[PDB]
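Let's start with one chain on its own, the form solved without hadacidin (HDA), as structure tokens.
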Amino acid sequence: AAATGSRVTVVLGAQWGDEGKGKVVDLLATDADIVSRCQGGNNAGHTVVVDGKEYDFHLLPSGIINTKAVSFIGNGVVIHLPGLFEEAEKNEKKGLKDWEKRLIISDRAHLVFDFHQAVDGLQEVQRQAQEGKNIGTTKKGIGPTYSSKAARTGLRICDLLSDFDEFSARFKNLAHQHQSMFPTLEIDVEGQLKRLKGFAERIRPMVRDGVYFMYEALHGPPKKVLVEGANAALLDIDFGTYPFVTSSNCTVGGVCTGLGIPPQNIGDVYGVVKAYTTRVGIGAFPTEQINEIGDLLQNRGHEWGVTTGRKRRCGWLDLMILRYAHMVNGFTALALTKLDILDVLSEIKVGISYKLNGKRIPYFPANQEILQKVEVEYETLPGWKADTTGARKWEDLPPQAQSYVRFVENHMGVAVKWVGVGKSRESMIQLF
């Protein structure tokens, strides 16, 4: 529409993360005017390679590789100043120059202070110990800062940039309260405030009014804006497999709340789905395969922590979660990834429905107890038993692979626009 303005493009994980959505973002960031993030998530990282050089992004948008585009961090993101610059400098020393020239931070973003990471790397203990339920609260202090936001007692970039006395004084009252809720919490206010006053000036030239920055972007001449979704649908604070979830909305709604743009300014929303299901840590897993198949999907897929080495749990594709992810996100197109991992299988199983106590339920269970109780209903399809890593067109994929694809499109109701069969860009076949 001429009144609506430009409609942003989004990329979101459709399962439990690690779907490989960075290859879609990377593919799309090429001709994008603005690349951004709207919610923090797990703060997971993404590796992008350009000219032999390898970059590692966590907080910064992956499209910052494109020096002809603008990278934007939304208000819905919690940021750790040292974390940010430590990440920026690191890449700066890898070839990423002039980044400070194309990065803009929304002044409405909340700050993750050092003591937020402290209490975080403190609760996990008292929360677990001996034999609790180690949800695995990523010690990035994401949750602690999200609570300050809730208590309206937290601080944001705009405050750090305003009068420093009021801020410094507000920083003190916040740290005090924290020390009052956690006595075994050491801080050193003056030292941190001093380091923050340093960050204020260092980050000032990049901060701007996020809401106005976006409104103008999509109401001026036609621009192509890309948004990188945090993790995946089932790791969404509200809709994920709670409590084994992130503190952020990792679904399409978070794009509106994380950027300050109305739903009409949202266009294509791609759901990144892996040809099979993976997941990390404790929690229910309906299609999990603790057997030869799982080991295979784990080996051929290299399904393990990139920093820890922890193996990810593997299972058959699951349409129950896939459709659920869709009800919430309203995908316009999908990116089916790692289909090649299955080139070896003789026949592939895919879950199509859930039966609770003998009955077939049409919804995705919200609680762990129920979710762990569902018995999966399967559909066995024949495999293509052929190498697809070389495919570069729909016509290349063998007849059974094409069927595996239509199967996913049909049962989801969303068309597949990308089929992934490798690690390179060429390996991400575009179907239309």
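For the two forms, the rigid core is made up of the largest set of C-alpha atoms that agree within 1.5 Å on superposition. Positions refer to the first chain, counted from 1. First, how it differs from the form solved in complex with hadacidin (HDA).
- Looking at CA displacements between the two forms with the core superposed, a shift of 2 Å or more is confined, among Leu234, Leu317, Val255, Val225, to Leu317.
- Once the cores line up, the CA of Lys349 ends up 2 angstroms or more apart between the two forms.
- With the core held fixed between the two forms, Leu296 has its Cα displaced by at least 2 Å.
- Fitting the two forms on the rigid core leaves the C-alpha of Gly267 displaced by under 2 angstroms between the two forms.
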The other form holds:
Number of protein chains: 2
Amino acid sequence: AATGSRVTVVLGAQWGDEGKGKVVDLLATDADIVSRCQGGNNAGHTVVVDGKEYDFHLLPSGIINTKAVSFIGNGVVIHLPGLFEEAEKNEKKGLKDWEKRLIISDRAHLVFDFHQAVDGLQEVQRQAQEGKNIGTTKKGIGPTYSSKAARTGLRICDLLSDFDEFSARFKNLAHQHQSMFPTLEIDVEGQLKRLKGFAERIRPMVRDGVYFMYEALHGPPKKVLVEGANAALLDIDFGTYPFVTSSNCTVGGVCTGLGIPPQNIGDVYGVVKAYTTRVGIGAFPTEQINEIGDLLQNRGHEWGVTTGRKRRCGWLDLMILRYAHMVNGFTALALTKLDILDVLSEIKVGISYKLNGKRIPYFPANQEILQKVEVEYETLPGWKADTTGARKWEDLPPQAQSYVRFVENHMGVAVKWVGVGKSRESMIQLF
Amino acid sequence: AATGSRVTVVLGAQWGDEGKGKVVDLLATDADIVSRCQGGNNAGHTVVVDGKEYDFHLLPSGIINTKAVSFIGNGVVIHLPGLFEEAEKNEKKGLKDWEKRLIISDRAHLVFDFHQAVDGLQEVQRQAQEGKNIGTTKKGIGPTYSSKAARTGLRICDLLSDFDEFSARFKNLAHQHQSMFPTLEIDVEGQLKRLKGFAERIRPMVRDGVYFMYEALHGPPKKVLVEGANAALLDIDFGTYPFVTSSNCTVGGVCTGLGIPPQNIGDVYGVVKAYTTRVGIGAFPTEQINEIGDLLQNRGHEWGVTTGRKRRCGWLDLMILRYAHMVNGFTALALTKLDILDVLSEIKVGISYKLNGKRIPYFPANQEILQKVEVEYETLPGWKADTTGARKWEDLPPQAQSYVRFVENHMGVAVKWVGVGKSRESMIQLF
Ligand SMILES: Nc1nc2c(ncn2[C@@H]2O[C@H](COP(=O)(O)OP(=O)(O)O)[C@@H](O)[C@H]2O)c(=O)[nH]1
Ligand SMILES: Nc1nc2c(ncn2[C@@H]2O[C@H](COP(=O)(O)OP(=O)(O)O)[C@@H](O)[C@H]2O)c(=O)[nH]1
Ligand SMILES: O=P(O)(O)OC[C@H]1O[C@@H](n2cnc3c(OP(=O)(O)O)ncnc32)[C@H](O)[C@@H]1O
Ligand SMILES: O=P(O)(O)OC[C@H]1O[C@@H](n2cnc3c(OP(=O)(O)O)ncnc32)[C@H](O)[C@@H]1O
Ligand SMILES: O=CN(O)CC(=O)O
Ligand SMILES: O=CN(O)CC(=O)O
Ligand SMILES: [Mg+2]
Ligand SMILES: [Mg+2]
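For the form solved in complex with hadacidin (HDA) instead of the form solved without hadacidin (HDA), what are the coordinates?
So here's everything in the complex, that chain up top.
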């Protein structure tokens, strides 16, 4: 107890959009603190409660919980205009006094308008050069994380300190990018002015996140929830590089993005969609570009919560999941969108990859090798029944139960939740 | 046990060069695997054994241990020429068959010659512009971590796959930098050719680090040691930004740099020098630019193991140490270079900072605020006796013991080791 309490973590086990927003929302009901540790607003997390639906991006999904404090960690890159723009969209949905329960770490880096603009330019440039780009959300996430590493980026604490100093580096940073993209137009005083405004708006919410989390973990017992963004296979280190996002979406990102030791990390839940989706460029072994893909894409309403882009769809892929578990060490899983499969007579599930007629011993570090593998499946029998109404383990029909077990067994991790709808109550807790 | 074994970690608690090489060497004697998780060869870790001295940079310090396997994780950025150049320097010291016990993660990013060249240029540019630069080791660490985030950098697996594809992106990446520094000269085919050579040299050592560490942690019990590089206050997120290195030197870096969950991290030792040193630009509250600084710098032989640069010296600083503990959650400490203090009649120790005559509640996120604080000290009585010979807790004289306790008490972390020399046997294990 001297060490402190342990946070609960919700992580994406695939290529994002697995249902982290829904899982976090569920768990956030009785949490004292809900936080984001990495990424920016490239994330799109959907929460449904009482017929009311919200789409969060920078705001932690537990922001709707009026008793809880939503915290944005130092690992997150913030675009201030987008933040308020987002918060103000949810005001119109009933989000009241959110600015009263939102803490922002003063070490978080800032996404500047030219970062997003550079994001665009770099994509058009890679496309109109090598034929294809990464397919980023063009939210300037990659550019801003690149300025962070370079140590040229600015942080919250910078914006709130002397503004004349800030403006000095801001002008200099901008110029640096214009050197990358001469055709890049930046309204220095224009943007810089708005920034000056934002400073006073955010100021009251800002704090030292390190002391904040530390004090929280060692003071009277509290329940802290960490909302992962993106997912394992999108991890800058472990994902399908270079077709990944620019932050560590894996468990280690919790430590680096909030400044807490591995001794303060409790349960780490892996959010697993019953089938796989990917939005953007890059290998997708079980991708189904056919009638099956369309049923999944359509029945699942698979379109970017952030870009409106239609997501690619495929069968469940155990190779990526097992790989994800090796890096995150999930304590239990949340198997989502099981109901999407209610209508299939049979459901194929990828179990291994084969390159030269030979099976691969492990998930390829080289993404191109992945674009050449021939996955071998395990056809399972559908249940052809509506499960959207199930609320208990028994409500599920026989073949639905077998599907959950198939997942538990081939991964070696227990399924603690089963999603059968997008609304908070459309959940089944198995233990 | 189902989860697996837990690794032991050695981290720097200050601004580097605290003695991690000496601590790792000590602990590596009976380790099965010793690894690096972040940084590159900007690191300089000194090991002394049997009168024989080694200076490691990319090679894990446990490389001298012939029974153990030295592993370079995916969080590390490698400059191949420097790696062999380093390994070949230690051959001339008796390092035999090292290439037989060195594993290299195939996801590690590559530092290219132009990265180091860009490092130089950027420094000269910041200096000859705003008056001062960061004071990097000019090993191209910042530039290569910036290419990683941008997803433009290349990795081991890339170098070893099709070389024609590699060369394609290599040429493109180079051009990108020349756009940053037009005066930057790159011998594409020249460098690219050498790279082609290195590929075959490193190839046999490369492996999938994720599967490697995973298998190691779950197979028959083994002892894995993780050698941190740089230190807490140099952390890209938590250090004295922008006067920091470009990787997470804190505990979370172990998870992201090796792909292991917080559940596989055991003891995390903080290496603490009895006084503080910093090499490069940036705030240094207890810095002693005087006769005291010279005695410390001189008696301690404080000059860069990597750049030959004379390190800045100051009294011990508890503010940074306590802050370091908040982020790393040290389980025990290694108080090094206690013997350097053998001659002082009294020893001042910084306990808090004061900005406006008022004490600060916590370590400033803004580094400039740090350049304005007035530290308040706690003068302790020296022992004025030679401790270089002590090997037990009792050998130490009264005032030496009080110094160790002062540290244990003001940090809330136990000192498990006390350094009284640079040789492996010049250690005292308190428990
Ligand atoms: N039918 C159904 N929809 C679900 C379920 N869980 C989540 N969803 C929806 O699936 C979508 C997942 O996209 P997204 O919100 O981006 O996931 P996130 O980015 O991981 O938070 C959302 O529109 C959710 O409402 C489930 O169990 N069943
Ligand atoms: N006298 C003395 N020297 C020590 C002790 N521990 C380490 N050193 C020396 O202090 C220096 C620390 O620099 P460095 O090797 O860069 O530390 P690292 O980068 O943290 O591994 C080395 O030259 C060590 O040999 C100690 O207890 N006493
Ligand atoms: O540089 P970026 O803008 O991050 O784009 C890099 C790649 O990563 C993808 N991507 C980024 N965030 C994603 C997300 O987040 P959530 O699960 O939190 O809703 N869900 C799905 N895909 C996501 C993009 O489509 C792109 O291929
Ligand atoms: O971009 P970089 O080349 O990393 O420089 C950024 C800043 O970080 C410092 N620095 C980097 N590695 C260091 C080291 O490592 P070890 O403790 O492992 O031996 N020990 C001390 N100082 C170190 C540099 O002096 C500089 O101010
Ligand atoms: O929910 C977020 N994503 O799916 C990203 C996007 O819309 O591209
Ligand atoms: O041991 C490494 N450092 O001290 C870095 C340097 O020499 O600058
Ligand atoms: Mg989403
Ligand atoms: Mg060193």
